[PDB]
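Visitor: Residues per chain, in single letters:
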Amino acid sequence: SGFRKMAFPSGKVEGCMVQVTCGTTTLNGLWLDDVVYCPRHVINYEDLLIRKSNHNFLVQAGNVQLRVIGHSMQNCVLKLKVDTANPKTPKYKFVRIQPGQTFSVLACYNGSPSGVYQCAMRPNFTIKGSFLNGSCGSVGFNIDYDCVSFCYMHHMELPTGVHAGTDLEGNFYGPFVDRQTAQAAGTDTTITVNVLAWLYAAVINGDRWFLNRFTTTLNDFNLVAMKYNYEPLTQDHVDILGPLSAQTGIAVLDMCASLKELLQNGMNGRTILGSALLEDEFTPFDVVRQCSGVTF
Amino acid sequence: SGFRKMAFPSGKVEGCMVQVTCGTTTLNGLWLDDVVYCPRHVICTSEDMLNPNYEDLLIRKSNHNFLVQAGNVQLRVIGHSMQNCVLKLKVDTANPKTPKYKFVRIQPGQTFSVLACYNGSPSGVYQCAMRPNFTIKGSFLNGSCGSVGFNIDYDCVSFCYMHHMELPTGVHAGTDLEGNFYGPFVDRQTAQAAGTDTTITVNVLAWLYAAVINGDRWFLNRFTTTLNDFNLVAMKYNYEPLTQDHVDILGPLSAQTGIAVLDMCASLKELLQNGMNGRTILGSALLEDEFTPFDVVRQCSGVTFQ
Ligand SMILES: CCS(=O)(=O)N1CCN(c2cc(Cl)cc(CC(=O)Nc3cncc4ccccc34)c2)CC1
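So the sequences go chain by chain: B and A. Counting with the authors' numbering, you get residues 1 to 43, 53 to 305 for the letters of the first sequence. Position 268 of the second sequence, counting from 1, maps to 268 under the authors' numbering, and the rest follow consecutively.
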């Protein structure tokens, strides 16, 4: 029993974190095989990079200096070729995630991992992370069996305190750019499918006060959910929630009627899984994984 | 900016997790140097669980009865001893991945990371606190026994908890790494229950200082309070008494934000009285008590967002 915001074990990623220094800027790099990946803002980036030589980039892996033997850019990520392949390189893939999908972030400072937390890619493409100066280059990932899927690299903080970054191929999540200019997160919405997943998790953990005898149509649910800045629920979301619906005996649209009632009437002094707000940073897969005990 | 419930990176602990099997029971062990530590109830036959005589059960076991598996490698048990509620299995290989470590016993209100494990394999990491009633509100399923709680300060792993059992309310009980239970619990299946839990007042105040550092002041008020008047009000909401030690501990956060501890106490009293009125503090509609003053200083910046 119990339900926590759980991150993947970070060990496989910790062995990849390095410190990258160029000029006055120090940030984090991800060392995989013989390449160190980091935000290109450490260096017109084609014009700025052409003036740099390999020895301008100081890469430190623990108490060992790696020698940079090449450099290239891919979108907003700088790829520093080093002379040594990381012996700790795990089985990995670079994957781009969609809004609503969750991942773990290994927050680092000076190439030294400081903490691990779980978060979700918001529908507005920001992440509500916890980062200070020096955290750039910190990465987001998921683990599938023994394979690490790297999905995020931290680049910047927006004026509202939220964060923006890229996938590991340097493509930003969201309409952001990596420079000092006026940028703002768009109005965010609640990840409906994730709230429903969390309501199923609450039911599995014995919290059933919010259940009701009612059901709703998908269209009526979406009309109501649009009023509360909730993301539309699609038939794909309904299909994805099928296993949780079968386990608890609460049809997805039956849970939607519970959600509609919670949006219209509130919690009335009650909590669900120790929360007074509807939690949207657990996917249906996260709920199944935590309420089953999958290991890596 | 931002404030998350952050766990320590689990890598140093992952390299210590092993699977311990005794008869039909399989659980997790912590392999440090040439010793594997695990709950002594791995020797119980489930029937034995009401009134186990661990000394009598252990004397009947030999080294080869304990199967220890580290990854895909079987470690050979060359000795065994029991220290309180922990079994210590001496093995013939020192763990090459043993980090710099210490065994520390924590007090209620202290936070730590838990590396939840099943079959000696890490499944996830989460942050939690030792409740005032000595339980932890963890997330554990069957087979999670032997999973550990730890803090990592300056590359040294301080092991503070080992998971032993789940109480009827869904909360969890365990020991320090010397096998001493936190709380009035026993490793028996006899009826046991967590005492009424309370809110960790010093942690809520720390979290209110974290909110001020991150730029939020809506909950502040023009009042102050005496420590005694604060405690009289706080006890009515099932909050732990705030001691002069707690006030002293909050000194650095008070100096950074410019808000005296007893002025922050007055804000907390008002929050308890009024609720949040549709507002949130650091993205939460409840008063958060699983961040210590030390955690707030660790995570938040040293410059307040005035
Ligand atoms: C009727 C009395 S009682 O209800 O108060 N109770 C007292 C405690 N007791 C007991 C003691 C020990 Cl030392 C070990 C185990 C085994 C265990 O708790 N394992 C687990 C640990 N974590 C999560 C679990 C999730 C689901 C299943 C098992 C879990 C049980 C069970 C009986």
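Any given hint could be a false lead.
[Stated by the list, open to error] Taking beta-carbon pairs under 8 Å as the criterion, some of the chain A residues facing chain B (in silico): (1) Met6; (2) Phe8; (3) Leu57; (4) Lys61; (5) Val125; (6) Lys137; (7) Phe219; (8) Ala260; (9) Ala285; (10) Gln299.
Since the hints were made in silico from the structure, they are not lab data. Just so it is clear, CB atoms sit at the ideal spot from N, CA and C, and this is done for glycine as well.
Visitor: Among all the numbered hints in the text so far, which are the ones the structure does not match?
Guide: 3, 4, 7 and 8
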